[PDB]
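Just need the whole structure built from these sequences, with the hints factored in.
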Amino acid sequence: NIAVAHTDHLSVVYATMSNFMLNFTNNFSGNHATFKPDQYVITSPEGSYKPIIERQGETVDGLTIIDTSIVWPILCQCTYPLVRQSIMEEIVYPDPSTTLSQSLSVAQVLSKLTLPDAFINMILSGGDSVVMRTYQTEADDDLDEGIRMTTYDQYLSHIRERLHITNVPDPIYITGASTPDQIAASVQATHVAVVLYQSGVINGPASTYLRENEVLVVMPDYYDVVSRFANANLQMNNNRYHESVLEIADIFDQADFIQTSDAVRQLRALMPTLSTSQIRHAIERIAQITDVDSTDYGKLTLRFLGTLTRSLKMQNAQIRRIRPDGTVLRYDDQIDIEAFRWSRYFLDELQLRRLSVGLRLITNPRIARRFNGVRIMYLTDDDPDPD
Amino acid sequence: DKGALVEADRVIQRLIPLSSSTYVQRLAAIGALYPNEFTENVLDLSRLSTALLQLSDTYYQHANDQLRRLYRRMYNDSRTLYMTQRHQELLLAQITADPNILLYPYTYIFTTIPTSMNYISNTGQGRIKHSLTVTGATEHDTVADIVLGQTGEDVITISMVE
Amino acid sequence: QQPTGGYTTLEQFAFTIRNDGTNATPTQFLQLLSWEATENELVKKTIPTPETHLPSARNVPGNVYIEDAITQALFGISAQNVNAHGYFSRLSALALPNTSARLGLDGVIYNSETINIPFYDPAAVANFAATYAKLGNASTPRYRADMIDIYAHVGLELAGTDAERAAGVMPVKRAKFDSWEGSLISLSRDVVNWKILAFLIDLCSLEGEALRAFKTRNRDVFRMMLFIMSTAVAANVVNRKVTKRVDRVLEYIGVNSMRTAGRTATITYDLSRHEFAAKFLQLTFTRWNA
Amino acid sequence: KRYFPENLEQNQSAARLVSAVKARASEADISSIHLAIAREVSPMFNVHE
Amino acid sequence: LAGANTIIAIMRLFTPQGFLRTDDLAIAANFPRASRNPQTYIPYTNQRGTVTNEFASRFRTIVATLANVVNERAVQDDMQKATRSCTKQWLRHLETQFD
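Protein chains in written order, with the authors' numbering: chain A, 693 to 777, 786 to 1087; chain B, 246 to 407; chain C, 3 to 292; chain D, 446 to 494; chain E, 594 to 692.
Hints are computed from structural coordinates only; laboratory data are not their basis. Cβ coordinates follow ideal geometry from the N, Cα and C atoms, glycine included. Incorrect hints may appear among the rest.
[To be verified] Label pairs and their calculated CB-CB ranges:
#1 B/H307 <-> C/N195: 42 to 48 Å
#2 B/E282 <-> A/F727: 37 to 43 Å
#3 E/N664 <-> B/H307: 51 to 57 Å
#4 A/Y1078 <-> E/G611: 48 to 54 Å
#5 B/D310 <-> C/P50: 35 to 41 Å
#6 A/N933 <-> B/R324: 50 to 56 Å
#7 D/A460 <-> E/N664: 50 to 56 Å
#8 E/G611 <-> B/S266: 56 to 62 Å
#9 B/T383 <-> E/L606: 44 to 50 Å
[Unchecked claim] Straight-line C-alpha distance at most 27 Å; calculated DSS-like pairs for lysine-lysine:
#10 E/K681 <-> D/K446
#11 C/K47 <-> C/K217
#12 A/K812 <-> A/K999
#13 A/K728 <-> E/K681
#14 A/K812 <-> D/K467
#15 E/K674 <-> A/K728
#16 E/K674 <-> A/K742
#17 D/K467 <-> E/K681
#18 E/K674 <-> D/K467
#19 A/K812 <-> E/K674
[Unchecked claim] Stretches of chain E that chain D covers, calculated by requiring three or more beta carbons in the stretch to come under 8 Å of a beta carbon on chain D:
#20 668-677
#21 680-687
Put into structure tokens, the structure is as follows:
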């Protein structure tokens, strides 16, 4: 008797609830013995990725504690509105609205809460720099004169999270018998100008190509770094180092996820060596300033959501499918959703567009009025012409 | 290939991995290549998949350089179909009959496929007795001394007198 | 009114694009763009002759903006669901025996010539609007364009040497040229501007000696046009830093991938817009080849 | 005192770990921290155990 | 070492993150100084790049190779199975806590 209207009437409710706005993701495929959800984690070249579906342990005011023995009330002691028999009781249909704008709203509340953090981390996308050593060669060229060097362990922690992220094969291996014909083939397929290194003595045609192209050769270790380089014409030895940091921005022109706008190419140079605390502090402040008291209703989710900061680096954040047990798969064009490949910076597709203008506005001579150096000397202020 | 009336549901029997995922990518990858020789035997189903999936790994693997590419190609462009001149010509008789046969759009005729290796096979149950030939034609340079493992009796036991 | 003689061969219908400093002709611009030929390949099929039935003009008082729409949608920049309330078909009102509505020279459709406003000779518009009415019905389930396959051609036409384009085959070459801070999107906004129309009306209404002669002179102005568009649907578009410049690269030219979420270095293609460029390419293409 | 993400101290299952770290970790002695740093650079005369 | 490379790896994390500095100012004032080559160790260097911190970022990889080690290591219990997940957890927070 209960299943009569329970199944007819109770079911159609799911029929619709299955599709409420934010209420995404697939919960159950229908086959107990083999359905494992999709593991979504926020990957991040910077810090350690944070999985969406985690074991967190922050059991929302009770909730997340299945109570099994919740059938006993339903079945036996609970009255239905369609089983009600015989009385009519004309079914009710919630107005698709209280439920809708409420949802559209909290959804909206989230979009705004993240605007400051998302914007700033973004201005510094192309900021993490690695340290590469420069080797002099054909003596007559200053500091950036020949072959580029970085430690393999180092290239790893930095310049690598990225290729895997932007897909494209892994860098080629330059070694012994390699020439330009092989390297360009690869830097060209890969885009980023890197090559990894193995066996020593890298003949002439290869070194010349590397210097007159600035390819960042990733080196493992550093014993006789000048030994493994068919050092013809000499002028290149373990003593001619320019220990210069490489702005990732200056080796990753992939606009979708590394604001390399020439315009911001310089705001960063203007900034005073940051930090996690400050990058973070700006966010607190940049955010404190944008006074936007949102809805009498928008407020509850926050009091309730318990904002209380939001750790997670998010230097770069890429949502990714994380096959069970680390790895963090690439973005297999054929399985993950498309919105997902990049992510601009977690900024509306439209505001980014106005933003195209601001960097332009921020660089315009007329608004530079903060000159650098004063000159002291001693003339007589006669006919003062500001210029 | 043999020339024999084949009342089939449709010329090209293979099937288009639309959204595959690497494994299926490289599986169908092989498919088009018809890397075989008319077996005559019967292949043991169930492990039939792993058998097939394994073969491609070794085919492209011993590959052939030229055809190693011809195959790295279909490895990507896979939503396409790879018939073969002859096939193609046939499907035409079909469309001709009544221009309503709505058969598969994107495709790519081959061009007899770049030679091959009749990769003999079968997953029967005999063990293969080979009769090593004196002199072939792969003029061996030297190649290192091989190390057969240990025969773990319960597979093979060796005894004193047939 | 106003005759023709050639049409696009006239003062105000000059297609330029502006690159680096001054605005130059796209013919010259193209010559500033090279290829990377991938170890792939793409043979060209044979565009299916467009469905004859031209949509129904539909009653709608008010001149509607045609040139701006056709183009806003193709090398748009954010045109969303294009084939809803889409008027493109209202462009069939022109094709007829002795209709009144004239194709304004600003890319608007008027009904009856009006007080001080040019308009292409109703003699030739009757041949252009004759076929592109079709472009109207691109959302009609049973008429929708080819699409994905139709790109084999945009591509060898855009790239391919005089040699590849002759035997059909041609690697899928990846385009790189010298970029200049958000160049593709800008190249494009500049194009949304051209008075496309003036081109097409000439594309299909020139007899022969004249038509083939112009097809050749204008292949350059045209190609720049497919290109701004092919990039709309191209795998990944990446920027390459080199010595001092940035050599921008288009990964795979002429291989519609169906990419649909807003990129940045280019113009996205909502799925509808996507079927449309599909539709636009087929008619204009089937036509280019007399 | 600031240990674990706090919520961890509260969680049923974690407390097993909440515990190892809790016992392993001590109390910020004003004294031990400088001395701890001082020995980094100063002579060695006993072979630290 | 041929086999057992994995232990060699867990081992490599310990290898210092500083540079040898040779006492120059002290050598100048003369000052006593045992060894006839007064150079010494500085635990971690300075931060050259504007935002990366070569030093703390390094510890970050340490929490992975390490954290990763926590996944290879399996168990046989409910207590062991649980705490392992959450420590995989504490272990990470601990690292941003370090950055």
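To see whether the hints hold, each was checked on the structure:
1. B/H307 <-> C/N195: 42 to 48 Å: 57 Å, violated
2. B/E282 <-> A/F727: 37 to 43 Å: Hint holds: Cβ distance 42 Å, inside 37 to 43 Å.
3. E/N664 <-> B/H307: 51 to 57 Å: 36 Å, violated
4. A/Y1078 <-> E/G611: 48 to 54 Å: 49 Å, holds
5. B/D310 <-> C/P50: 35 to 41 Å: 38 Å, holds
6. A/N933 <-> B/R324: 50 to 56 Å: The hinted range 50 to 56 Å holds for A/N933 and B/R324, with Cβ atoms some 53 Å apart.
7. D/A460 <-> E/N664: 50 to 56 Å: 22 Å, violated
8. E/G611 <-> B/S266: 56 to 62 Å: Because 47 Å falls outside the window, the suggested range is violated.
9. B/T383 <-> E/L606: 44 to 50 Å: Taking Cβ atoms as reference, B/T383 and E/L606 lie about 49 Å apart, which means the hint holds.
10. E/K681 <-> D/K446: 22 Å, holds
11. C/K47 <-> C/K217: 21 Å, holds
12. A/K812 <-> A/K999: Distance of about 12 Å is within 27 Å: holds.
13. A/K728 <-> E/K681: 21 Å, holds
14. A/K812 <-> D/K467: Violated, because 38 Å separates the two Cα atoms, which is more than 27 Å.
15. E/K674 <-> A/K728: Between E/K674 and A/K728 the Cα gap is close to 19 Å, so the pair holds against 27 Å.
16. E/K674 <-> A/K742: Roughly 20 Å separates the two Cα atoms, so the pair holds.
17. D/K467 <-> E/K681: The hint holds at about 16 Å.
18. E/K674 <-> D/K467: With Cα atoms ~19 Å apart, E/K674 and D/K467 stay inside 27 Å; holds.
19. A/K812 <-> E/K674: Violated, at about 39 Å.
20. 668-677: holds (count 3)
21. 680-687: holds (count 4)
Of the hints listed earlier, those the structure fails to meet are numbers 1, 3, 7, 8, 14 and 19, in rising order.
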